[PDB]
Amino acid sequence: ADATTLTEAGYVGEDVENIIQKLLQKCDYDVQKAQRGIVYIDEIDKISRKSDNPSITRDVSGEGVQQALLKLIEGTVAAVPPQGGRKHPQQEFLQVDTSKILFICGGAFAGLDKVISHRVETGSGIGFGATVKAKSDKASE
Amino acid sequence: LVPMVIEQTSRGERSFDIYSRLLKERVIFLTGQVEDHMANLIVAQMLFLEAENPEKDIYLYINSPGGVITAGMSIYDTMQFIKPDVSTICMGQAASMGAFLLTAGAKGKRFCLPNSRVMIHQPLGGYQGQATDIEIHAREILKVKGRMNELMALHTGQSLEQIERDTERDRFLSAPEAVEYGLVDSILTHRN
Amino acid sequence: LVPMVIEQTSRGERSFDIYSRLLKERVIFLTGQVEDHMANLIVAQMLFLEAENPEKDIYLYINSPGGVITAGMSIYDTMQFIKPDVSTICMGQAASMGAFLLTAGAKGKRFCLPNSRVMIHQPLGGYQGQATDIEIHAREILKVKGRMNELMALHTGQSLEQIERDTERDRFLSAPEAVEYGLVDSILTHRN
Amino acid sequence: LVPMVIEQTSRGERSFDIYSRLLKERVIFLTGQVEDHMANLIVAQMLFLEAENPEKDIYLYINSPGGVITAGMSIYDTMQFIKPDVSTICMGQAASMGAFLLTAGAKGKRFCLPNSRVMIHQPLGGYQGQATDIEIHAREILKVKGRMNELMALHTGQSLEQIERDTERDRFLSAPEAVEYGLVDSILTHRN
Amino acid sequence: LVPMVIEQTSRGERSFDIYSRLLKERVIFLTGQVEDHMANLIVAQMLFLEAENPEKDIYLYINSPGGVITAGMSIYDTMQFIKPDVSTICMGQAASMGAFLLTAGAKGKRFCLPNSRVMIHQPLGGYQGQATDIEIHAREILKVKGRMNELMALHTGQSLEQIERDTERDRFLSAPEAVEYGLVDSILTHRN
Amino acid sequence: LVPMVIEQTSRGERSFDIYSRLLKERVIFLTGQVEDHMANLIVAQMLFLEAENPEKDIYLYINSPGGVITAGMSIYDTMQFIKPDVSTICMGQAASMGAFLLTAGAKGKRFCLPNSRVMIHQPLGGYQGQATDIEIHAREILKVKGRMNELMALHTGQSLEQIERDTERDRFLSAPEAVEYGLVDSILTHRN
Amino acid sequence: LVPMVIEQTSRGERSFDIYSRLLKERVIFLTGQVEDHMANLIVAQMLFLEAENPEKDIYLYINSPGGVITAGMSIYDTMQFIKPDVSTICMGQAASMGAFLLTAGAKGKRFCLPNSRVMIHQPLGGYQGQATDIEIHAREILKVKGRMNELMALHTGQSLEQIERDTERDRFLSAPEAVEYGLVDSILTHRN
Amino acid sequence: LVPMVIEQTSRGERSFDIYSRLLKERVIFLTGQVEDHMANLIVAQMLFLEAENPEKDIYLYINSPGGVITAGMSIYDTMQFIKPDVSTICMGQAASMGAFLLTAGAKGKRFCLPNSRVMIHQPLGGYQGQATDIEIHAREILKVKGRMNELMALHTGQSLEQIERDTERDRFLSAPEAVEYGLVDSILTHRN
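Chains as they are written, first to last, in the deposited numbering: chain E, 143 to 283; chain L, 2 to 193; chain K, 2 to 193; chain J, 2 to 193; chain I, 2 to 193; chain H, 2 to 193; chain N, 2 to 193; chain M, 2 to 193.
Just to be clear, a hint being listed does not mean it is correct.
Mimicking DSBU-like on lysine-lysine, the simulated pairs with C-alpha atoms at most 35 Å apart in a straight line are [as the list claims (entries may be wrong)]:
1) N:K110 / E:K256
2) I:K144 / I:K110
3) I:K108 / J:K84
4) E:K256 / M:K84
Since the hints were derived computationally from the structure, they do not count as laboratory data.
Please model the entire structure based on the sequences and the hints provided.
Structure follows, in structure tokens:
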């Protein structure tokens, strides 16, 4: 699957329970074997918050997706519609447990190297009394 | 114009002028003739920096040829008031007022560059008017002269009599000579 | 050049000039020759701070050699009008108007640095023209002199006749001397 | 340097200069020598506030030593044209034009600080040239003098004859004296 | 310092200077000595507003002591060229060029404030050099004098002979007198 | 100051200066004394517009009293070099250099306001030094005189002999007279 | 006031000043008297462009009445030092220093407008002091003269003897004359 | 005017000044007369670059006629203290102080452009006052002369006696002459 498509519940983008729906397709819509399946989540880097956000905008593509996945990864029962359906008061739902379902979130965290480069070689001070003994080294990403 | 600099760090990147960037690192530049406006600005930086971390030291770079006395006392009093120790460093030169602020720094945290120069002299002033007014102003500057010598003697460690004799006329002291006199504690030749 | 500082607020970070950052903390800087333009700026700050929090005290830092009498009165009248107590502090020096505004501060909240100076003198003025108009302008400066001596006597606590004798000619008062005279209440030597 | 202040609004925090922040509250600052450039600025501020809320009253702080007559009349006519009542306040002083504008405020909304100094005098002018041209310009300043005295009598309430005698030479009026004359209505000593 | 104002719009909050905000409402300020640079700025505003809405009427607030004739003609020609009617309002005063531009406004939309002062005089110039060159420049200024008088007679409605007699020397006209002469149409005493 | 304006586009509201906004519509303002600095700015504007759309015309508004020949000649060569036609409109006046640029405009696109004054004269300069140097500089300015007269004849259409005689001394031409002389083509009395 | 131009691309819209927009196209403007500060700015543009692309050509528009020789050599040495070929186009004129930089451009990429004026002369200098010091400075300026002549001969292709005789006194040249002399390669008349 | 430039990054495009953009590449420009304010700016840049990468070298482009010795010594001391090797480059010229900073660069990283002119002379100064004061000041300038010559001999490698003879009067050294003298290591004819 792709994390970018996922969005917080109650919005027009998408819901996080669709991930189980995709897994259900391969298992012939059998929840028993689905509980023992493995899941992969691509492009998780786009879900990260940028910086210093008050959250008044109620970010949906970002922080909202993470908050919903929390219970999913650790394991919680999820209501998955049968096929090509969206969550609604209707009873067209399938109780699926993600406790035994492995998750592999893979993403390209562009810019993380700079964060790591900072902490490793942030340095302290700029003047004569500062400690600039740390020397920035050229290393591959 | 001052060159703008950027800090490539987390929580976003921020652009500041080179002077403001160093201020974040607790570095205050004292340059040029001392006056009320520049001295007032330095006072704000000292008071400002105290709020973030009273324990961390503040650095003051002095390359001033001297100036007004009243403006200088506003800086001296601020340095002694705040809890963080103010480390003074002499770049290029430190005249009468700059030297008084240089020696006023925290004991053991006063430095001077190897080729820097220092000079100390008595206060200079003048008044035009009636004889009665002259006596008032003449008494005032003499009190200032005595007060400044007392403070310089305290920081340097020399006796009040020695300071009076040396400050009667301009006395130029090199970086090593200043260490012996007591104006500064050590010299910064190369980074270790 | 005025440096810019960063404030870590709840709604992200904001960049403020050194003087604006202190204004947020109810600190106003009175520096240089007093005039109509700068006086109208201090008045705006005092009124703005009153609206934000009338109970909290406003701090005024006075490092000035004096100036126009009328401009200073705008500041003095504004201080008395606003409910919050204005705490005056003297850095470097406080001349005739700087001293008048200094002593005008709230009782018990007037401070002075140990190496600061104070100077009180009668008003200065002049006019060129006919004898009739000279008599007019002369009466007002004499009236202004009496008005300023009455207000200074009130804050200092000394008798009106005593203020007249001292103000006749320039007088220089040190920080401890000002405490005895009544211009200030206490001295801020070190942070406790 | 003018300080910047933060205003908290429903949309979010916004930065305003100290003078613009007070403009939002219907406060206009008249300061310094009156002239065409500053006068047009005040006129624009008045018209702008009238559109926002023609019912709320505007405030005009006056600390000025006077200036050009023509520039002042633009402000006076604008104050009378617009619907909002303009409440004039005197800070520090109010000379010939500052006083004419001060008394021009809405009846019952003219104020002055306790130590403010008001002054009223006849117009000042001059011309160099042929005798014929001198006569032309001389008649205008006389008409302006008569026109200004008529308006002062209307606002203050004093007779035209009394205004002529008092305005022949510079007359200084304290805040209480101005109340009796009619230039102002009340004194703002302290906030109640 | 020019204050900044906030305008509420569908897109959101917008910040404008006091002069730009009024420009949005089709208001152009003509202030001070007329010259090439200020005139070109006014010309740019007239053309910009013409494109936005060629049907609505533009307003011109004239408070100026006059200036260069050539710069004024650029404004006058632009007013007659563009389709929108230009309404001229005199604030404070309108000298030779300001008056020419004031009367050049659209018939019926020329206004004057009650205490305004209008003055019209003939052109003034000078040249130093050879007699041949003097004859050239002398003829040119006379042509401008005749051209200016011919245009004023058209707008004011007075005969050409009458204009020559009145403009031979400086003539000051009040707001009511200007209405009779034909320079303006009505007076804006109060908001209705 | 220059008043900002808002331009509506597909992206959203955008802010532009009054001059920059007109530059977007291929309008360049030539104002004041011609000098190297302003000329290079006009040249840059022309080259920029050529890249955006070499087919669309460019409108140069000329209101200037003339200036340096070298600086003005950099604008003339730029106009002829670029493919788009450069229309020239005279506002207020166009002196010797302003007139050369005015007549240098594209044939049929040169315009003039009805009250604009176009003056043409021969080059003027001076040198101090040795006789040998004077001969060098005297020959150069005379060569420039023939070059300018040759080009002026080409654009106006008059013979070189007539241009030489007419430009031997200052010659003032009104907007209609300029049409017959060939400096311009039509007069923009009113928008049609 | 330099105008602002908007560059529109798929990524977004960016606003640049007219001079900066042309800088993206490797166009550097040399205007006015040559000096250390302006020359340093030109040097920074050459290094910046070299870093962006060391293969694309750089254009230099010259309009300047010469200036300091030392400042000019910094530009000349920089042009030869960097790999990119620096094209030179003379607009308006190119005096002693401008002409040296003009002819210093890459062979085959030196242009001039048809009406440009190019003047070349020997260095100008002066010294006041002792006879011994005069000999030192006099020898220095003569060495500079010979060095400049050698470089000009190399670029122009003329013999050293011919350049010495021609540069003894001011020698004004035209665009066609410069082509045969060797200062420039071609003349840009029309884009075709 | 300083032309701004845009750089492309993964996070996004950022606008930078021309000098600030080069500062990111460890390039500092020493231009004009040396003084306290400009020197402090160079010191701040050297320290800022040391923190970013103490191993990468720094490139200082020098083009100046000299100035204050105290200000220059601040730069000289800073260069030696910082770990990065400061590669000095002489553009145009390098006088007494400019040359002292040029030769102060790291051994093997001192360059000079081919047409640059280097100059070295002894310090110059003066004092007006009593004979006793003259003796004190004369001793200080002589000490500075000995200290500067001692350091020049160290960097250049020549004997102290030879430096004294050469520096007694102004000595102009071309780029090749400076290489053999020891002021610079090699000439930068081309990038390759």
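Here is how each hint holds up against the structure:
no., hint, in the structure
1, N:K110 / E:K256, "44 Å, violated"
2, I:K144 / I:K110, "29 Å, holds"
3, I:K108 / J:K84, "27 Å, holds"
4, E:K256 / M:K84, "24 Å, holds"
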